[PDB]
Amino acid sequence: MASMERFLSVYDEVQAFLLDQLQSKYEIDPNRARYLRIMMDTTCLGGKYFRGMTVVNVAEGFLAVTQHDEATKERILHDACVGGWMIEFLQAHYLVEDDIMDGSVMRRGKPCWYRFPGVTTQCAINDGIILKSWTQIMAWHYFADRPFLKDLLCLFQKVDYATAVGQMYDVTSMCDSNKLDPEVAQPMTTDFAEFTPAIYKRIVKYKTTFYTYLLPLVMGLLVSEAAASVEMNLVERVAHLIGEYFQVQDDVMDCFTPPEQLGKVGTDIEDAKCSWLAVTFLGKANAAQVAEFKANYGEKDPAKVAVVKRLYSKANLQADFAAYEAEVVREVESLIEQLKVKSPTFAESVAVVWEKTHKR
């Protein structure tokens, strides 16, 4: 059967298992089960499933070149789908909690979960906690007998932790590090000295690349029992490179994509985020442009936001983006070539992952 329909069918199976277990082992009543069903659907469904489907696609690649009984092929594909849903539910956790943390209004054209009338922040924080707990229930149930259970749980933990650390890097990126202090309300930077390429790269590496690219690629290897088919250092390098490019695209869209195509109103400027646009602008601006940026960035005032967007537009950041893109293309192709030494099949799966990202 087609990959996406298998993946969606496994969602229904996993959902039924989780809710049936709540009834048989956690004393849940039907109305609370219905609440949790709706919560799961609303927070986990509706995206493109790129992360989860990467697990499936990696596993499919190895199936095409490896000898297996049919029942083993089916088991591997089912495991890849469950692992993919673990990643989708991990993302759902972070999106629920991040939307609360950031006071976000919409996501994908619909209200953020905490804003639903019968949810509220009091429930939504805990709903997000449940979403991540479900990833572990999935693993322990479906992968109980599997040789890769330990490695998969360990990997998942490290990626989850890296993501939380990256969230810290993101939410504090507009403050001066030397002034961080739980006792003192945090002012926005005035010098923007920490708006550098290396600091930006650290935010992005931790907040998105581990869970968006590294985890799906490695989970695909694990469910395929194929980690020996790769040089793991290369997998990490290519995941972090593609993931950075993905986030750069998101940063550009936050400012310039119309809200109707973006699914929300972008507020990176008002939030004073260390975005690719801000770092790149500061890397080419003259003194007068720097001063005008400082007088306007990080303010909710629409007039000041408009000034910042004007500065970005006049700064010809399309030039810098094309130069960045051309360099990423160079480096990603080089890493794919190196991956071919040990596994042409995995290299091809990464090439597919890159094509989908680049042409998004």
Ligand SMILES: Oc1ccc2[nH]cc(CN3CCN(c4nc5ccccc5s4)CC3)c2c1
The other form holds:
2 protein chains.
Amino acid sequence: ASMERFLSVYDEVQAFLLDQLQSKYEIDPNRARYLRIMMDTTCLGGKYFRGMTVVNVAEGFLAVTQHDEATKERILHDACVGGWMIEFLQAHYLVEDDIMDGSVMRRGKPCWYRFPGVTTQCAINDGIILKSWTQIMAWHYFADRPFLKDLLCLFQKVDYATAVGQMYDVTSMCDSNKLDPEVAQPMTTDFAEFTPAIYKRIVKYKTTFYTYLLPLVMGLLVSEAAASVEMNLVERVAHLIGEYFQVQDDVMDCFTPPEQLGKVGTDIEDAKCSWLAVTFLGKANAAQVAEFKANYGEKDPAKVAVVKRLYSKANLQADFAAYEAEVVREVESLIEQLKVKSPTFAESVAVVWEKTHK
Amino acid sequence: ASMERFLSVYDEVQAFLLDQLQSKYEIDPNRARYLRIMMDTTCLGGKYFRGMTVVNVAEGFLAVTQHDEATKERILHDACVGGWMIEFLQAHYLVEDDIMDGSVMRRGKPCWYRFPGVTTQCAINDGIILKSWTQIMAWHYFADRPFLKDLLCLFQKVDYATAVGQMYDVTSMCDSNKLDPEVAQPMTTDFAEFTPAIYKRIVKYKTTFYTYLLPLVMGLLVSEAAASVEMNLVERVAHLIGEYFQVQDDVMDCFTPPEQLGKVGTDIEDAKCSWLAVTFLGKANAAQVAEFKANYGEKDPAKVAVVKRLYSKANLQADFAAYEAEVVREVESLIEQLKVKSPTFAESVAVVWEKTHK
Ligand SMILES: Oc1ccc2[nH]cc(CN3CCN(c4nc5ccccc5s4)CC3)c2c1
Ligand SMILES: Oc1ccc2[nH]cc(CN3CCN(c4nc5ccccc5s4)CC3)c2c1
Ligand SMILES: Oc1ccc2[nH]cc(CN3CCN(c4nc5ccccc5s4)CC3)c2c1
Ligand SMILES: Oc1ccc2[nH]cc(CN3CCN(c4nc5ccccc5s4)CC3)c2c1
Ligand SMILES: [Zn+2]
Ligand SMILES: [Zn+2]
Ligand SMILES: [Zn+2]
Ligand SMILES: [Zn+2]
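Can I get the form solved in complex with the named molecule as well, since the one above is the form solved without the named molecule?
After this comes the whole thing, all chains and molecules, with the earlier chain placed first.
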């Protein structure tokens, strides 16, 4: 089964990385153990959605393409290694983002930097190592592959887009005209930059390239199937589903119980440009806008409660339903367009959408 | 002249990166200005020793190889872009290291994260962007080059070695057997791991791969000259000169005036495994070892003063002279061995050594 293959490959790649640290980097057993625990704590525990998308896209093509059994095994192993490169890339950004944001919990456990024996001094570098491991995986496992060049180039572009998206996210509550490294940044008072187009830019870059575009294209590359698809359609469907995924996350930050969320959501306190805040400002009257401005971005729990009441009273569930209906309509249209050149790839996209939507 | 070409290429690469952010990443002018200032503040102001080594190695080969003038210009431009990849890689590690270490100043100015309009939340990501820019440079400028694969593979290996070296450095005052992410780390009390071999491991990985190996090998790659040298000799001379460079830095941290150093050195307070501490413990009597243990790794200025007195009284200048004489002897021996296959490359190494030694 796909998941068991994927998890077995994690143990293989971990053993390869740690054994290389011992044979080539002069590591001692205690530091190798620290790095093993860091890898497990930061890479494991999630749903493996991104990595398993690579595997599922590759399985779709195997079902319809003639190959010797050894070639089928090679392609699946490559899809698993590629999927772990994306999981380790995500692990890098979660470790760093948690330190940047001063976060407390991630997936029901303390953020890595908060572990007593880690601290920010080590965790920033541990995050650097996580992303370096993605490149060590690629050069080792894909050394003789025809797709190595395209895969590394895609991966770099996606990583850069993600870092640019993090910049857009962390500065989303500043007035753009005031940004200046030499001057402490005040929070926006007018919220003029909390618009659907600005929110779409943040989300497109901060999450959609690594959560949807990279796994789908990597599945095509390891399958040597990229010429069988219209790349512009793949980008459009990846950016569309990815935005919906971030809207779901934004709603959950505000209203999903902390036990289910795996943390205490603080987007209101952090003055984030969330879908809820943009959608609220898109329908609020003058008194509602004024109440929002007087309470948003404040740690005071009573102020956070005022904001959640404004969102609840504004009936944002109706705006979410209209948005969800439009996304269902557009994703189904793109899936139809993908069937022109590849019904197998269109089906993988339908699975990815179904898993996101539910 | 070499320096003017190198600086002109910085402006070209900066314009390329920022123009790409506008045409492909939807950046606005204010964020483009923030990134321009971040690039200038974190990449410029140093001696450009690493980047200029690439240029000097390439100039050496141009002097003895037949090429059309357009090819000479292409090779020099590539050497400048490669040199800036290494300068931006260093910029990434300085930004992150300063945050990890809680540093105050770097090159006579505040550390980047301390700028009022930056903060740790932005600076960690700015550091991530600096390293991503090295890959954008490579894929753009070297897209059609025969050396692209080897250059990217070398660069990844050097980056990984550096991150591993940072782990060795940050944990150098812990007892290895006590390292555990779940347990807050006490400082060593026995200093048994402050040995010449453990110090050599820290230094080899944390600085020598990116400061000496990477510039020398990159100069060979852009010149298509790597088969003209014995790679094992290049590694040995790079690791040897690089260690001497770090010993010089360690002595300067303790005894160079802050105005000349560009910061207030705090290796004693930070309990670093410095050359001074290892060399002191290698010659101290029992009472001197006990006094060192009672004062090292403490913020108290009177305790720091006791350590500097112990170092001064131990006549560490005599150990430095013996070490320096041994390094001069070994670097000259390796330069001689390099002349067997390439007198031009051996001369570049002699220049690199001369610039380091003085
Ligand atoms: O999650 C937390 C943890 C601790 C906390 N303490 C106080 C808070 C509540 N907010 C106070 C204001 N604010 C700001 N953000 C920016 C970003 C850019 C420019 C100006 C501002 S003003 C976010 C945090 C909080 C939240
Ligand atoms: O004032 C508060 C504070 C905390 C609270 N926790 C739960 C609640 C009660 N409802 C508030 C509104 N709601 C939403 N569901 C969606 C789904 C999609 C998009 C927007 C929304 S809005 C369901 C829960 C509540 C109220
Ligand atoms: O530069 C500074 C800035 C602020 C400061 N405050 C106090 C100090 C002085 N030292 C106190 C002890 N110490 C430790 N390091 C480690 C690392 C690993 C394991 C245990 C320890 S115990 C370094 C700092 C200091 C220095
Ligand atoms: O007690 C103190 C405290 C601060 C101080 N600043 C300057 C001093 C006075 N000398 C102390 C020793 N020295 C060193 N030069 C080298 C060079 C190579 C290797 C080891 C050393 S040791 C020169 C300056 C001093 C003393
Ligand atoms: Zn964040
Ligand atoms: Zn969120
Ligand atoms: Zn450091
Ligand atoms: Zn130093």
